[PDB]
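Asks: Below are the chains, spelled out letter by letter.
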Amino acid sequence: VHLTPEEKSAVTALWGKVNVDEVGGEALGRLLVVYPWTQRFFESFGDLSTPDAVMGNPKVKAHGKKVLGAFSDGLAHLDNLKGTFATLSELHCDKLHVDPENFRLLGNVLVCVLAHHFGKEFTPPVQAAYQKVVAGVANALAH
Amino acid sequence: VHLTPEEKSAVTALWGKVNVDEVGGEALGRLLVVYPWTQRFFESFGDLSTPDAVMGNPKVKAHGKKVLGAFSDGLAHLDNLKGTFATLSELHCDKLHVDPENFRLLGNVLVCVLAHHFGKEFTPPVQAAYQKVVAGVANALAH
Amino acid sequence: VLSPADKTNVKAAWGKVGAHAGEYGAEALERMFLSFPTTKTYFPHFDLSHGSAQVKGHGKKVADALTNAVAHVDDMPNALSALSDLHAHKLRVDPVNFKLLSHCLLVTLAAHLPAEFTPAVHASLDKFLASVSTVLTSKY
Amino acid sequence: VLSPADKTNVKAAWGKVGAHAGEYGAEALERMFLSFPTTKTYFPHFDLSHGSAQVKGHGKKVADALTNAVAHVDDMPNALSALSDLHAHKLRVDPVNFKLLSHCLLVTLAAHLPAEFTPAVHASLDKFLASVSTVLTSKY
Ligand code: HEM
Ligand code: HEM
Ligand code: HEM
Ligand code: HEM
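Chains as they are written, first to last, in the entry's author numbering: chain B, 1 to 143; chain D, 1 to 143; chain C, 1 to 140; chain A, 1 to 140.
Incorrect hints may have been included.
Said to hold, decoys possible - For the chain C half of the interface with chain B, some residues (derived, Cβ under 8 Å), not all of them: (1) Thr38; (2) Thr41; (3) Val73; (4) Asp94; (5) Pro95; (6) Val96; (7) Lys99; (8) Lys139.
Said to hold, decoys possible - Taking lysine-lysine and the DSSO-like style, the derived pairs with C-alpha atoms no more than 27 Å apart in a straight line are: (9) A/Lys139 to C/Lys139; (10) C/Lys11 to B/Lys95; (11) D/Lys120 to D/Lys95; (12) C/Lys40 to C/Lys11; (13) A/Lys60 to A/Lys90; (14) A/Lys99 to B/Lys8; (15) D/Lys120 to D/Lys61; (16) D/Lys120 to C/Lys99; (17) C/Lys40 to C/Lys7; (18) A/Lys11 to C/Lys99; (19) C/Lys61 to C/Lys16; (20) A/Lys7 to D/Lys95; (21) D/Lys95 to A/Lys40; (22) B/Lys95 to B/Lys65; (23) D/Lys82 to B/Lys95; (24) B/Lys120 to A/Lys139.
In case anyone wonders, no lab produced these hints; they're calculated from the structure. Backbone N, C-alpha and C fix where the C-beta goes; we use that ideal spot for every residue, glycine too.
Let the sequences and hints guide you as you build the complete structure.
Replies: Here it is as structure tokens:
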């Protein structure tokens with residue numbers, strides 16, 4: 001992803017403040033609540049019935065922490081997102097058959113989570129930078 | 001696009017029978033009728049009000065012949081769709097700002113046109129091969 | 001949202017589909033399973049070969065469900081509520097797949113009724129199947 | 001299609017948006033114009049800088065349109081028929097852009113009402129804005 005110096009400094013500065021253990025299962029859980037067909041991909045996580053059962057689910061917190069692990073690894077490699085995400089695109093495309101549009105959905109949910117955890121600190125330029133980063137990650141997994 | 005010998009022989013044999021002069025402007029015209037926001041991109045073609053005004057429009061026929069020119073050029077280069085479609089992706093992305101999903105839409109409309117012009121001759125394996133071709137062209141233009 | 005005119009075009013088009021409906025829905029399922037193989041993951045319990053009896057009978061059910069949706073085109077959420085409860089709650093089908101099946105339905109209607117696929121009838125059936133897809137993927 | 005519960009969540013959440021609606025819709029427009037610049041092609045006649053008066057007043061218009069879309073949430077297509085006639089007949093807005101604006105609305109509601117963005121309220125407002133986007137892109 002081509003970014004400015006100021007967009008990389010904003011993404012880095014706001015991403016350093018991110019509670020990984022919380023924002024992960026927050027974004028994955030809101031993915032399962034807002035976009036419920038994605039629950040088909042996580043049927044081995046247990047009860048996913050209510051939103052309070054999804055947001056209170058320890059496999060959703062653990063796996064969401066894995067997903068933010070992959071996002072932080074994509075932030076350390078913004079010029080090499082296809083080289084970072086080839087094994088994960090292999091997994092999500094062949095073994096899991098996840099549609100590419102779903103990746104975009106998760107990324108947008110992540111941005112909402114960031115706004116929900118940063119408020120006025122999540123300015124429209126910070127959203128612009130995280131949007132083109134997030135689109136870089138989703139387009140790196142759709143390959 | 002990976003295809004079998006039988007899929008390339010079916011696409012080649014079915015495509016040799018294609019009237020370019022009709023299938024082009026009919027695919028572009030059904031794109032403008034079924035998906036009307038695409039008419040915003042063709043406001044210099046004149047009256048696009050009714051479906052009989054879109055199908056009775058010579059710039060839609062001429063430009064549709066250009067589009068099937070690009071599809072036949074993509075059929076001569078099935079292993080090199082990104083090298084065939086870099087100038088056209090530059091045009092449709094930078095100068096025209098056409099959303100990538102629209103390419104998929106046109107390709108699906110083209111497949112309907114082929115079924116509409118071949119009937120029982122457009123078998124489900126022939127559709128499967130043209131779906132991989134069409135998805136290869138749309139993913140080659142979305143780059 | 002359908003107009004009056006596209007409701008007229010959909011009711012006329014499926015009125016001339018008629019008794020070929022299970023044939024056309026079975027062919028549409030074979031076109032979806034053959035051109036879009038990821039949809040086969042929703043049917044691990046079918047025999048998905050060509051000319052299968054279970055894809056035939058299931059296409060009869062899909063086509064009768066669409067005939068029922070044409071008959072109740074102005075209150076599709078109240079009529080397709082059992083099928084919304086099936087596809088949205090139990091099965092949890094990705095809506096992308098619905099677009100895929102809708103496309104294959106259109107291709108079947110292109111391959112068997114060329115005198116009926118006017119571009120206006122094409123746009124009408126496309127918005128109809130998008131409305132049915134919007135109904136079946138949502139929860140009540 | 002909305003349930004009873006998500007109509008409750010949308011009316012409650014937007015009712016607590018309330019009088020901040022103009023600055024929230026203006027902020028949502030600045031987020032769309034800044035993060036998704038292709039949408040700027042629909043506004044060649046605006047001044048699209050930050051803190052513009054015309055993006056402010058237009059965001060007041062968008063927010064009031066969503067307010068009486070919440071008010072007529074059971075019968076959106078005849079309440080938004082003038083705006084469907086604007087966005088679908090005259091402007092021909094690609095529905096992708098609607099998704100974009102819907103996302104920016106959600107981001108604004110995430111950045112200003114964290115006590116209100118329950119995940120259920122998020123799902124409710126998301127499929128609400130998808131219903132509004134389905135109405136405004138439709139042509140009827
Ligand atoms: C868009 C960004 C995404 C990222 C960065 C991401 C990240 C990851 C990572 C790192 C794993 C590996 C877990 C492991 O090997 O232990 C994984 C697995 C998985 N992902 Fe994602 N993912 C994304 C999108 C999605 C979406 C949108 C879905 C489904 C709707 C999905 C479904 C899955 C599933 C089912 C697994 C296997 C976990 C299991 O079976 O328990 N992923 N993902
Ligand atoms: C697989 C899909 C497509 C192919 C193969 C294709 C091919 C072409 C070709 C060959 C040209 C002519 C370029 C030139 O004359 O210099 C062109 C131009 C153009 N295309 Fe497409 N196209 C596709 C999809 C689309 C779609 C979906 C849209 C809009 C919704 C679109 C909008 C345009 C426009 C506006 C032009 C410029 C023509 C003018 O301004 O008069 N294209 N495309
Ligand atoms: C316009 C779209 C559709 C209609 C009208 C429709 C209609 C139906 C009907 C009538 C049934 C039978 C209900 C029953 O026997 O209890 C059914 C079941 C089912 N549908 Fe669909 N369907 C549609 C789209 C889809 C799509 C796109 C998929 C997946 C890619 C899908 C997957 C299934 C599955 C897995 C079943 C269960 C069949 C079984 O377990 O034997 N449906 N649907
Ligand atoms: C999602 C919900 C949306 C709502 C509720 C909405 C509402 C409105 C309203 C109230 C107006 C003013 C009508 C008038 O003054 O005559 C308007 C105009 C307009 N809208 Fe939207 N809109 C939405 C989405 C969009 C999107 C996504 C775009 C483009 C990317 C867009 C582009 C425009 C344009 C270009 C105008 C004309 C502006 C002008 O006349 O100066 N709208 N819309």
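Asks: Each of the hints needs a verdict: does it hold here or not?
Replies: Here is how each hint holds up against the structure:
1. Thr38: holds (5 Å)
2. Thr41: At about 6 Å, which falls below the 8 Å cut-off, the nearest Cβ of chain B leaves the hint on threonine 41 of chain C intact, so it holds.
3. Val73: At 25 Å from the nearest chain B Cβ, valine 73 of chain C fails the 8 Å test, so the hint is violated.
4. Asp94: holds (5 Å)
5. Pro95: holds (7 Å)
6. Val96: holds (5 Å)
7. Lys99: Since chain B brings no Cβ nearer than about 10 Å to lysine 99 of chain C, farther than 8 Å, the hint is violated.
8. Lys139: holds (7 Å)
9. A/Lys139 to C/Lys139: The given pair, whose Cα atoms are some 25 Å apart, holds under the 27 Å limit.
10. C/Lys11 to B/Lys95: violated (42 Å)
11. D/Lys120 to D/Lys95: violated (40 Å)
12. C/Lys40 to C/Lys11: Violated, because 30 Å separates the two Cα atoms, which is more than 27 Å.
13. A/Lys60 to A/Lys90: holds (21 Å)
14. A/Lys99 to B/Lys8: holds (26 Å)
15. D/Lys120 to D/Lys61: holds (26 Å)
16. D/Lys120 to C/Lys99: Within the cut-off at roughly 23 Å; holds.
17. C/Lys40 to C/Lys7: violated (32 Å)
18. A/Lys11 to C/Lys99: violated (31 Å)
19. C/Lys61 to C/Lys16: The given pair, whose Cα atoms are some 18 Å apart, holds under the 27 Å limit.
20. A/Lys7 to D/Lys95: violated (42 Å)
21. D/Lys95 to A/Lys40: Holds, because 14 Å separates the two Cα atoms, which is no more than 27 Å.
22. B/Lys95 to B/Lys65: With a Cα-Cα distance of about 21 Å, the restraint between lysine 95 of chain B and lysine 65 of chain B holds, given a limit of 27 Å.
23. D/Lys82 to B/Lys95: holds (26 Å)
24. B/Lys120 to A/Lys139: Not OK: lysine 120 of chain B and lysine 139 of chain A at ~38 Å, beyond 27 Å, violated.
Hints 3, 7, 10, 11, 12, 17, 18, 20, 24 from the earlier list are contradicted by this structure; the remaining hints agree with it.
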